[PDB]
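The form deposited without erythromycin A (ERY) is given below as one chain in structure tokens.
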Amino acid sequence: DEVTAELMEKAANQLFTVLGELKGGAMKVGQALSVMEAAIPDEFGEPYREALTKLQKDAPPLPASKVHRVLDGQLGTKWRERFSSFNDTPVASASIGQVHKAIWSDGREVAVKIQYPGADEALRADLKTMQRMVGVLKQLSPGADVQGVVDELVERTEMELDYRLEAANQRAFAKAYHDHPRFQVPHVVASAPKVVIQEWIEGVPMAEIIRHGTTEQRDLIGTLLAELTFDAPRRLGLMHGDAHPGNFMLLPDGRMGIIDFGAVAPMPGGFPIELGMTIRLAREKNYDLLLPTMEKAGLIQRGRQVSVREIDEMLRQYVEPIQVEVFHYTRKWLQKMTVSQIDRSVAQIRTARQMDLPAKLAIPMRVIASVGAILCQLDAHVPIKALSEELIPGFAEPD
């Protein structure tokens, strides 16, 4: 079964590659590769290689010496004076680094994330190569759509390489949720490009609860995640962003610990009222008001004949959970949500779905999808109706 997971991963990557070919590159990846190899000097090949195998140089956990060297580079050669103690043996792995447990000079236990020394050069060389390739596509692939791709690559790369960015996001959240009854965000103790230090917290990882959690653990951490999702933009005008179980844990006192803030998305105006409004109107099947609301919001394409059945299908995954007091998010239900209402053999229609959502709607809907999927993995019972009434603008009965 370990095989099947990787097979699914491979299938997903294949699909997204095909998506890139059809919606972006305007040619197959192999053909594009031939063009790129012709259109990019071989002289740029060997540096790109040499930039990439220092990262290959110490693949397993870094020996103490190299750890201390990174610390030298980021906090100075006297970095030890800032600690009470430091464990040379890493306790966890990060995407491009490793995490150590230590004790800060004030006596607080801390997690210290140390970036691999060869990560910066490698990732930036990779970025350069992909920039060149985008150039090749833009100039030589007829009908290619590479709009905004370079910017996305640069932004992603910088978010991975400069720890201070995520550190700043985390500071915002740590300030907002200090002494909160249900959420715990560790404070940032120190931040540098390649080293970031924060208060140590540990509980039961959400992944562990997904695998072997009790019903009560599942329900609780699920309900907490759901709450955070709508509370954060209301509280500090920010959304925690696309969720992953690795970001969260259940603490002994029943609070949810949150440790990853690399996907924080800006929402200055809070959650758009159009969303909650749309869900309420859809529950009531008030299509007369629902369709103009969705069109104005940009949730459906303007000036199109739309199918009410398709609208119902479109909003089903949002409507069904709030039709009950406590909804049981399950994989079974989520699977039912993928079963299309309209067979293409019955009727050939173009979808009413907006494939170019406004940003203000696109971001929260994406995060909500990720969260919902996680709730289904958790098999969590969640009072999403009440949470929506209290936290989501426009959802409660407007009387």
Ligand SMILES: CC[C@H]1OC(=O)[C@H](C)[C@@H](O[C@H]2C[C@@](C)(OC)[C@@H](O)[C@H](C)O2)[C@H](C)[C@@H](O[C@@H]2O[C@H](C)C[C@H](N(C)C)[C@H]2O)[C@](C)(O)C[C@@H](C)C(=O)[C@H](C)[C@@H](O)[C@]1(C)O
The other form holds:
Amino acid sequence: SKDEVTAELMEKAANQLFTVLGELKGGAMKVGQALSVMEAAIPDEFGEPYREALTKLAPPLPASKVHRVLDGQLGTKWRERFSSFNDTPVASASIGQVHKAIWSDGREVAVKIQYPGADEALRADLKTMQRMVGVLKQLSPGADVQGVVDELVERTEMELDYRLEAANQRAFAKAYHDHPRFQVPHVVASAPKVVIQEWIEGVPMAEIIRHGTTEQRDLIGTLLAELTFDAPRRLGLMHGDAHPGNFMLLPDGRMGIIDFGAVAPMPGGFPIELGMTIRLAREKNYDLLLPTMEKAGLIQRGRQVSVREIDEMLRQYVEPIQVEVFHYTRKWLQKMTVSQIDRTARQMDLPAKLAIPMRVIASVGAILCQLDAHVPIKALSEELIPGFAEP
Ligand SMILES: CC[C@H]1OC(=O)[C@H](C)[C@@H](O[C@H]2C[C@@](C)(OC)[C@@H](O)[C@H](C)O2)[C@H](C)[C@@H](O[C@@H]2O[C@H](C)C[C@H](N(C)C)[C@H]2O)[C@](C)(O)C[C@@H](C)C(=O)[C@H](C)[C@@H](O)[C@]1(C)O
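Next, give the form deposited with erythromycin A (ERY) bound, keeping in mind that what was shown is the form deposited without erythromycin A (ERY).
Once more the chain from above appears, this time first in line as the rest of the complex follows.
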């Protein structure tokens, strides 16, 4: 059990690192020091009316409560929209359960049910943290807390209102209806705490990472990379930071996509500067590269820039397209974390239209390395990514 003990030690070191980052770049003080201030700056009358909301949430939900939630979101005659309903959950959600059933039209549908006391527990949890943001802003000198409230409010309701996630899925269901390579389940019914979609199943990407075949890894890895670039060009949207649980390989060779609670807006499609930057980076055209990256916002305006660092900055994007079929390995990813610079020209505040895809691409690239997949990324880039193909 000793490797999973490393996993817990790895998660704990990673989570405390982000706490330190939060202290230095956010609250401008330690978590211990801040907790002291918040204890006094926040009344005890607000301390526990919050407490009671969290106790309502034994681990799997009893069937009587599943009906109860269904009695609310779908109503009195919710069993008349189903042909049958399995009271035993097939999976677990973040704050709910997933039930397999049969719709009235004969289709197999997957039904997600949110726990009864999760709405109050999370909304209260929002107000408390929102209250703490006020404390830091008013009492902690030199604290950066912009948009932190906006972030938390958006995250919360995306978790509490299933209609928002379902709306995103309906968007991908139309653009990728009848598609040769991608299958997105249609949304049958949507409610604040109940969402119903078509049932699909295959080989989970997680199962492929563990002990999948070489061909399985390459295939679903190629499809994942294609989805990253095709979605913004076709749908004006980008599927957010991807977790292996969101994807599966269908028997016919297609990739299944089941989660859309992370969709980010890309109205004007994929930016032209990104593909153009990588193109100039590969051809070593530093003469046209640096002014381009400056205009785009990859590097800071009016600052001395090292070519040596530019190469480190883009090599995770350039090296894959320097061949026809790149082999995304973990060993390669380890080499990317090695700097020839020994103790900043980067832009630590990228514009939104560049920040969104680059984060997604980075997360996708990490998954491809866990897959040990062979991906024709060079071809995909020429076809889908604007500016990358030579004019
Ligand atoms: C892709 C990578 C991730 O998105 C980002 O990091 C970009 C950089 C933010 O935009 C940035 C940049 C910008 C300008 O939004 C475009 C800004 O308004 C917000 C606060 O932060 C996003 C998308 C924000 O959304 C936006 O939040 C707004 C409050 C409302 C907006 N909506 C009306 C469209 C909504 O899309 C927000 C809060 O992170 C969404 C929450 C739910 C997430 O955690 C989502 C699911 C992320 O995992 C993500 C989408 O993968």
